[PDB]
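Apart from one protein chain that is not included, each protein chain of the complex appears where it belongs.
The first chain written gets the first letter, and so on, giving A, B and C; residue counts start at 1 in each chain.
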Amino acid sequence: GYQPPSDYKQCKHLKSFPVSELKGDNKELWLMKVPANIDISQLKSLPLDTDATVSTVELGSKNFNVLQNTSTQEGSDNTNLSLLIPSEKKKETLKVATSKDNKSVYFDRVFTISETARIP
Amino acid sequence: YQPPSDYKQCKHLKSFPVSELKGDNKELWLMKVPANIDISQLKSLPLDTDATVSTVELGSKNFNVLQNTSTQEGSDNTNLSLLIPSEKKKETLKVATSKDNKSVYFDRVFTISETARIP
Amino acid sequence: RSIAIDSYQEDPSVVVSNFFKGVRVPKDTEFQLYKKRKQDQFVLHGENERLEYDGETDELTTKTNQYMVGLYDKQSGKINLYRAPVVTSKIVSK
Partner (left out) sequence: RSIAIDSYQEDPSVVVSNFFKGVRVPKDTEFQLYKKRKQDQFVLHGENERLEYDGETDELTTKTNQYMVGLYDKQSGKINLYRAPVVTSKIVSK
């Protein structure tokens, strides 16, 4: 059978994500790409304007640029991105998230948060 | 105090049974093991607790075992202090102590090492 | 005999501090532990009846960026964030 690299261990005990909330009218599914140095747990709010394509947010002491990637021609199509969620049938297994209509679940918006130009 | 720019405090410290330590029946151990061994996959450690030097099977590999606490170099470990999370706020740690109020020490110290190879 | 592993805790609990021989730390002394932000690398494997699915995270991306999956509520103006790996995958026939 399949064997993962010698130094890789299986992910057991996958945390909760509310699958049921997915095709709920008032809910949207987003993907954000953010710098690794930002501590999201310390944030209380993300001042993203869902109406803007480009903007400059201010998280903590720093300034960043924001791009609504789905508002570009490049990011018009994100059907290459599928969300895999846990299963209640096979222990420690993931399956592709599907709609009530057996349609593949797609991201509604995608944002890149990037640092402003600096010479370190 | 401010920690390094890229360090975040561990605020959800898992429980450790402090109480199990003062009783005559339990032994407090320290094990130095290669990082490549996946302990989670192991069901047993066939360590010989009487031997100073032994061998142990793990997965399908050959490891030497040394009971450091059985040598004159590893007999004194009073330089090592065990810090445990307090039952009040498992956000802060304190030194583990006995009824004698002098710091808790390791009863046994074991080292598991790979056998010599010529990569 | 054989030593049985009753429990193994992988997440932080205890700390072994190394000072000098004969160290004395007052019982009242309070300590805090801080962990270096080191983001995980993943491998994804999938199997169908006909196909095999295999993918990995990009090592450099893992160092530079973090990805969040968000469930946003248009009405309440509230978001639920979930850190997630982004794995680029290949499909291969059996």
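We adopt the following convention: contacts are C-beta pairs under 8 Å (C-beta built on N, C-alpha and C of every residue); 3 or more make two chains touch, one makes a residue touch a chain.
> Since one chain is left out of the picture, which of the remaining chains does it touch in the full complex?
Hidden chain, whole complex, touched shown chains: A, B, C.
> Which parts of chain A are in contact with the chain that was left out?
Chain A touches the chain not shown through residues 2, 4-5, 7-11, 14-17, 31, 40-41, 43-51, 77, 79-87, 90, 92-96, 98, 102, 104.
> Please identify, in ascending order, the residues of chain B that touch the omitted chain?
Considering the whole complex, chain B reaches the absent chain at 1, 3-4, 7, 10, 14, 16-17, 20-21, 25-39, 45, 82-83, 108.
> Where does chain C touch the missing chain, residue by residue?
Listed in rising order, the touching residues are 1-19, 23, 25-26, 28-36, 38, 40-48, 51, 53, 55, 67, 69, 72, 76-89, 91.
One rule holds for everything that comes next: only the chains that are shown with their structure count from here on.
> Looking at B-C and A-C, which pair shares more C-beta contacts?
B-C
> From the mean C-alpha coordinate of chain A to that of chain B, what's the distance rounded to whole Å?
39
> Rounded to the nearest whole Å, what is the centre-to-centre distance of chain B and chain C, using the mean of the C-alpha atoms as each centre?
Spacing between the chain centres: roughly 22 Å.
> I'd like to verify one number: the distance from the centre of chain A to the centre of chain C, where each centre is the average of its C-alpha atoms, in whole angstrom.
Centre-to-centre distance between chain A and chain C: 17 Å.
> Can you list every residue of chain A that touches 2 or more other chains, as numbers and ranges?
Answer for chain A, listing residues that touch two or more other chains: 37, 39.
> Which chain C residues reach two or more other chains?
Answer for chain C, listing residues that touch two or more other chains: 37.
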